[PDB]
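Starting off, we have a lone chain in the form solved without the named molecule, written out as structure tokens.
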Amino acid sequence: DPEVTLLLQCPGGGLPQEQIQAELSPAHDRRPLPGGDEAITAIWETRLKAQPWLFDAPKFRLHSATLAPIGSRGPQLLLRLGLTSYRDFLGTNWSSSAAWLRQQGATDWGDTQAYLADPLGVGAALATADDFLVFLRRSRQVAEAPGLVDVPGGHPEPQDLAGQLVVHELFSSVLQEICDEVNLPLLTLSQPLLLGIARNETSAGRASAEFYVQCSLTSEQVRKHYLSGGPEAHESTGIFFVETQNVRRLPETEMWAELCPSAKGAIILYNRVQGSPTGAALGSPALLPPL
């Protein structure tokens, strides 16, 4: 799977909000482009003159994520974050010259990402009460990954002492994206656990935080809620469910070639962090069949 790389695998089956610190600093921002940020302004002007209803929005930038020594007390993860925008993304990661910017960043800064917007995404492995994961079909008319399978998620917009409010907005945003797109009541959802961070090598290395969320509704009840919104209540064109039993071998199925990179990252992290048992009971051959 060359189109996805794991930047972080969380310990303990995944980290709760109270175990994560953020450092939000202009030191974590994108570097100005070698020939100046005028190249970004030119791309944006061209795009607005074709689609004048488009609007910019601020985004969090991922710089890096450092895990504490395993089994330690105190905070277990430090997220180093900067600020970026939808405009900066379109002028860098989604530029035809994104690979040239990666080579230039390695040369100038020893950092393939130094000249890239790298907005932070969020995604969920969302499990039902009857042990299925939730999948969504992307419209064939959108610019990114048209017609591919996705999981719930989005790119959160900004509004340890500004730190804790930023971690709160990251965890909040994955629940809000489930309520907005799947049409589920907030009180049916567990507090999220962070599973890890995956990079999309087809989008010049932009990263998504991948979370596990449990719903108290069955697959049948989730479907009813999604469909009862009607076609204008969701960006996706359909919903479907795979038993958690069968998610274990999803990379060996024909579904795998239809999954967008960030959904592949969610499923790899679910399998490594929530699946893959370590104890004698769940690891016994009848409960963990070989092959």
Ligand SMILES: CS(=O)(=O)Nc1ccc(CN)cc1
Given for the second form:
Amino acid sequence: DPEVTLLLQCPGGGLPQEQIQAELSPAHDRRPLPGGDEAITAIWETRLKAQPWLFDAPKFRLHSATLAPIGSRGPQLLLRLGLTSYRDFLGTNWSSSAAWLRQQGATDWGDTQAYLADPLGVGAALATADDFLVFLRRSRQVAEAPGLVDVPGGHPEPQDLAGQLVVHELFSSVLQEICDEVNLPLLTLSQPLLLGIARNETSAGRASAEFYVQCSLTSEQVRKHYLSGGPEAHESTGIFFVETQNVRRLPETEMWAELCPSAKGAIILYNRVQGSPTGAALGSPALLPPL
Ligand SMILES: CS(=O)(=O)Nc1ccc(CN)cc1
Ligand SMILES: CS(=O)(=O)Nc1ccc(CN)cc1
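The structure above corresponds to the form solved without the named molecule; please give the structure of the form deposited with the named molecule bound next.
Next comes the full complex, and the chain you just saw is listed first.
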């Protein structure tokens, strides 16, 4: 699918928190725009003068992610991170001129992303005790991917020797987003495993970390918890479930056309890293039917 590119596929069925290092450095920040950051300031002033209740927030910026040689001991992943903001996102990735900033970045820095905010998103493939994944319908009133299907997630907000605290906030934030939006108790959720990193080509290449989380509740109990919050307890307008059996072929369904690019990323990485068995037993024709 051309609206999603894989930056990273994790080994071993996905990486726990203890196997990831982060390097948070101003060397990983966005570069100042060619004619100056005054362009970002002008877009922000126009937006506030229309919507004065808006506020800025800091974000992590993804620079790059390097996997160790497979089968090695020690830390398996290095995440290179900078800092950005909602304001910088609205003035770059979301700008009408975002494709021009990518061309300029290639020319000036040999890096299509050099002049982009590129805030790091998080998302979950969330599995129930009865083997379904959880999907959410987006409001038709929001600016981004209105009315489309999504998975749980949300752009983490800042605050290996501050590195480990940054990895902790990324893993924490995926569980926190599931509690806030799906209304599940924290104690029903497994520690997340990182499946990979996917890039949204419809948002100038901004990246999301995609995780696997297991819930001890059935689909029926997850639905009850979500609905029991009422319309004000959640940003989404509805919840639904697809058997993990059927997720394998999702790209061939009519649902695929309704999935926002970052949820497409979560499903592709789930299928490659948690699905696609490698051993004789799970690989046998009766358990892995052809076609
Ligand atoms: C309103 S929202 O969709 O919950 N937005 C959001 C989601 C996740 C994080 C992570 N810190 C921050 C903000
Ligand atoms: C392809 S299928 O006929 O929809 N059935 C299927 C799908 C996935 C698995 C792996 N658990 C097993 C069976």
